[PDB]
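Undergrad: So you can see what is in the structure, the chains are spelled out below.
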Amino acid sequence: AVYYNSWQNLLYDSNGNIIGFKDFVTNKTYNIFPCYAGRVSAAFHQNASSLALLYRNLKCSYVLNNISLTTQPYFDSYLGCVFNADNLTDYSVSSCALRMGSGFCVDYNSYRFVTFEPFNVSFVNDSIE
Amino acid sequence: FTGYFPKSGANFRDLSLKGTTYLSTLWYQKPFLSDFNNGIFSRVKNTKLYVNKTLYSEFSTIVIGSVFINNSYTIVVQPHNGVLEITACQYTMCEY
Amino acid sequence: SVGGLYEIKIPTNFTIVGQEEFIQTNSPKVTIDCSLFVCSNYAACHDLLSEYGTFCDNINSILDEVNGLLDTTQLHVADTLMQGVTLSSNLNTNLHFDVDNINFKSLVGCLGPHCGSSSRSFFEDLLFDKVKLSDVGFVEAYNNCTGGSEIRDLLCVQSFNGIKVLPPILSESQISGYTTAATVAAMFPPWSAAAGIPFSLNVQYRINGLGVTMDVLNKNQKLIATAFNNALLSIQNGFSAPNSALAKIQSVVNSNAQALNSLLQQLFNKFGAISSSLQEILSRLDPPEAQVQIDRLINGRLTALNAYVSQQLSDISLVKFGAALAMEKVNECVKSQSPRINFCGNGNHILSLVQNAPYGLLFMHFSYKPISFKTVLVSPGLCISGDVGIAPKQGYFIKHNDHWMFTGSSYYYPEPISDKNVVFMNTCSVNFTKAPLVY
Amino acid sequence: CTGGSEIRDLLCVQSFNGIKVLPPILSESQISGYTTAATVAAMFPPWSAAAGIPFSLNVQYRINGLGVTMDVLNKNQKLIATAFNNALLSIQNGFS
Amino acid sequence: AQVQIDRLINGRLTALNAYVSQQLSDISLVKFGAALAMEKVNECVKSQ
Amino acid sequence: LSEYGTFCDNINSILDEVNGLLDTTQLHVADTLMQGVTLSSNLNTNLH
Amino acid sequence: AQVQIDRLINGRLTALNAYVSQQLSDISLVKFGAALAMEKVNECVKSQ
Amino acid sequence: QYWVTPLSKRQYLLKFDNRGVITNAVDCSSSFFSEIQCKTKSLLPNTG
Ligand SMILES: *[C@@H]1O[C@H](CO)[C@@H](O[C@@H]2O[C@H](CO)[C@@H](O[C@@H]3O[C@H](CO)[C@@H](O)[C@H](O)[C@@H]3O)[C@H](O)[C@H]2NC(C)=O)[C@H](O)[C@H]1NC(C)=O
Ligand SMILES: *[C@@H]1O[C@H](CO)[C@@H](O[C@@H]2O[C@H](CO)[C@@H](O)[C@H](O)[C@H]2NC(C)=O)[C@H](O)[C@H]1NC(C)=O
Ligand SMILES: *[C@@H]1O[C@H](CO)[C@@H](O[C@@H]2O[C@H](CO)[C@@H](O)[C@H](O)[C@H]2NC(C)=O)[C@H](O)[C@H]1NC(C)=O
Ligand SMILES: *[C@@H]1O[C@H](CO)[C@@H](O)[C@H](O)[C@H]1NC(C)=O
Ligand SMILES: *[C@@H]1O[C@H](CO)[C@@H](O)[C@H](O)[C@H]1NC(C)=O
Ligand SMILES: *[C@@H]1O[C@H](CO)[C@@H](O)[C@H](O)[C@H]1NC(C)=O
Ligand SMILES: *[C@@H]1O[C@H](CO)[C@@H](O)[C@H](O)[C@H]1NC(C)=O
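Chains as they are written, first to last, in this note's numbering: chain A, 1 to 129; chain B, 1001 to 1096; chain C, 2001 to 2439; chain D, 3001 to 3096; chain E, 4001 to 4048; chain F, 5001 to 5048; chain G, 6001 to 6048; chain H, 7001 to 7048.
Errors might be hidden in some of the hints.
Capping the alpha-carbon separation at 30 Å, the derived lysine-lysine pairs in DSSO-like fashion look like this [claimed, not checked]:
id, chain 1, residue 1, chain 2, residue 2
1, H, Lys7039, C, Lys2393
2, C, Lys2434, C, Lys2399
3, H, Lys7041, B, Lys1007
Bear in mind the hints are in silico, worked out from the structure with no lab data behind them.
Excised from the complex, chain A in its bound form:
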């Protein structure tokens, strides 16, 4: 940082929050960023004995390294890291009780992470010419 003058040691935003500081002892300048906060989207089916967990917009590496270690299987979906659900986006369902967003569904038989395709085109094999 080059914006600290001799008398200045704190960086503030428009709302009065501290977002950076120059250390008094070492003169080293830092930016201050908030620690991560967020929710877990849990998909539950009445017939199941466990939960499917979706950490929205978080990669599985980030979840495991910086939030919590778990023994459940995981994979990186479009919506974020998904726990305890099989990645089966090549499969499709027309009805969905656990809608996760962006055309993705959690389907319970275990939980499966599948695509939600509620509507089809009726197809005929007649010629278009």
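Based on the hints, put chains B, C, D, E, F, G and H with the ligands in the right spot on chain A.
TA: Positioned in the frame of chain A, the structure of chains B, C, D, E, F, G and H with the ligands alone reads:
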């Protein structure tokens, strides 16, 4: 931000007085002797003079006080050609 | 009326004009963690907030109801788009994109899931690229909240404070695929969205229904097709200008961002407390006085959440109204042509097409636009032969070559009077021009 | 509100307390002009608001579309016109 | 005085919030009615 | 009241949005009324 | 007791205001649905 | 030249550039345009 600021649209008053030999007693009265109240903002011109092409800086000295006598502190801000001497002392301030 | 004839300006030349219309059918699904918003990380605040009980539960329940309403609305819109659509399995949009000199290439994306998410059309691609915060835009912005960047995105701050936009249950790619399927349903047999006839014939019949003779329509078919795809190109190019529909689309995102920022700003209001920061209060006071201050913050933040919730309910009511209008327009302007004059845009509406837009649908209304006019003397009826009255069907009776002839009301083309273009009456009305020599 | 009247209008009190009704962007006179223009578009050629035909012929055709033969309509045109403007007069008188 | 004025501020701000919510709700109905009026102008006056 | 923050700002913003919706609605109604209206310049309602 | 009862009065009046706003919003949708139902009675049952 | 003006506790809108220098300021209560500037927290408010 709320702070001690000038009122925009108000008037600056050029209270600097330059004499040569004679001092008018009217200089040491109102409206030149002014009330302090919360405070003042000063816009001071640095009168840059040259002697043998050597730059010299001069501008008016301001005193801030109440009664200007040696049982009371007077703040004095006096330039000394690059050195701004600020004192707050029990000065025997002169009449003029 | 000079005698029995009035002066009327009848078009002698015409073009086809395209008009955009964006109708909002969806909005960002805002979810608030009331506990994280009101109390952040602070155990002393969560304890006091738990004494307020069902307030955060009520906020969560109302927002869940609102978001479920949005999801059901999106499902209904998709169902409306996909209703009655029958497509040939031989349809491959890579090669079949124009028919009868009308180019639908820009209105059609990839057909079938085998092409993937590329089902979005060139039109929809051009429209989506100019709006950053679509569903995928929100997903990417929230993905970047743990990338370690030095950029302080407002969306990341909002999400960290419990304010997050969730993606819709159906991705906009799916909606674009649905609109592509609806659009190609008019291109090719069985023409399931074009009244079971070729698109150009449907356009010709729609123009003829306005009072234009079939002769000029089937003689100027190439000109009509050129005018049609020129109108489509005019719409597409008008998106680059300060377009009103693009401004309306961006207004949804801008208003959502403004509401979210205003809600986040509530976390910096003191509400009469010593500070808006729970950190400062808990570092200044013991539990007895800290509780007094934290209660003022809890009350201010819960009031702000309630106000935002009421606003969101009110806004989603209008979103539902707009979605109902959009479904009605899909049914009665795109898939068919309901006899409602100014429902599908202004003017002499010919036909309408629909394309996917961020948080809504964009309708392209194509109209019959007269270019030049001829002022002619017209008769609204004639008393002919044995005092039998005749009235023109979607036209007028004109004196041409000192002879009574018929012309359409929307195009000047004198043609002989016949039972095709005449309504018969057993007794002619008064002020009907006398014409005993006719028929 | 500034006429100095002895009458205490509640609107003036509300406005003094910050509650005021602002006029619409288009005056009701403009809206009435628009409605007048839309109405006269039905009497006279080009009959842009009456499907391009005289108003009386439009009324007769609309009645015929209900299942009324044209023979009675075009011989009772005077009676139909008097019934129409009597209905309009009744609508006007109903506001009393 | 601040203790009393804060109670008046909170009451008056709550009243303003309630009026604002009611006004939004009423204007939604006004918009619905105006849409109906435009539809009637199009489909009863200008055409049948 | 200044220490309560953006409360009055939210009130004013919501009411401004409501009144702008009313204004846009009135413009749309007027546009619907005048859509497609063509009148003769010879028209003089004092006699016709 | 007045201090405690005042906190209960404020909480209960805020809850009533929130419920009132929700009820207004819901009845707007009920009116829209009833308008749709009347339109369908007119244009699907009584006629086509 | 020694220009002196009184000071008082006033609210200002201070704009800082990307290097932390105060480049512009607005005395909020000095004028109507100053009030608009402070209300929008911008030196050049939007047309309205
Ligand atoms: C009637 O049938 C004929 C024959 O099948 C159709 O003619 C075809 O019309 C298409 C236009 O839709 C022509 O495609 C054109 O290709 C050229 C490049 O050669 C390109 O520059 C144009 O922009 C357009 O894409 C196609 O060549 C043409 N084929 C033949 C054999 O004439 C016609 O469209 C059908 N309909 C009508 C109303 O005539
Ligand atoms: C950190 O920066 C400060 C500010 O420049 C340094 O303090 C100055 O050091 C110089 C050099 O000895 C002195 O002449 C000044 O009097 C000091 N104070 C000020 C206000 O300038 C300090 O030495 C630096 N420390 C490190 C470890 O870099
Ligand atoms: C989740 O499953 C999907 C579907 O099987 C995977 O997507 C496929 O991945 C294979 C291998 O990389 C590709 O050959 C296919 O083309 C992909 N199909 C689609 C439609 O994208 C996806 O990679 C899986 N993800 C994880 C994290 O396992
Ligand atoms: C949609 O089509 C797919 C592919 O054939 C099929 O698996 C699925 O059951 C269909 N769903 C519906 C509701 O038609
Ligand atoms: C279409 O499908 C039917 C039923 O399987 C079959 O009899 C017919 O030959 C098919 N036609 C084509 C062109 O594939
Ligand atoms: C109609 O107008 C276009 C362009 O203005 C022109 O090219 C064309 O020749 C005109 N046709 C007639 C019949 O006037
Ligand atoms: C996310 O970050 C990547 C890499 O920094 C960047 O390329 C991309 O544009 C960003 N997207 C958003 C929505 O911030």
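Undergrad: Next, verify each hint and record whether it holds.
TA: Taking the hints in turn, this is what the structure says about them:
no. : hint                    : verdict
1   : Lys7039/H <-> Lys2393/C : 63 Å, violated
2   : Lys2434/C <-> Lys2399/C : 12 Å, holds
3   : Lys7041/H <-> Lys1007/B : 19 Å, holds
Checked against the numbered hints above, the structure breaks only hint 1 and satisfies the rest.
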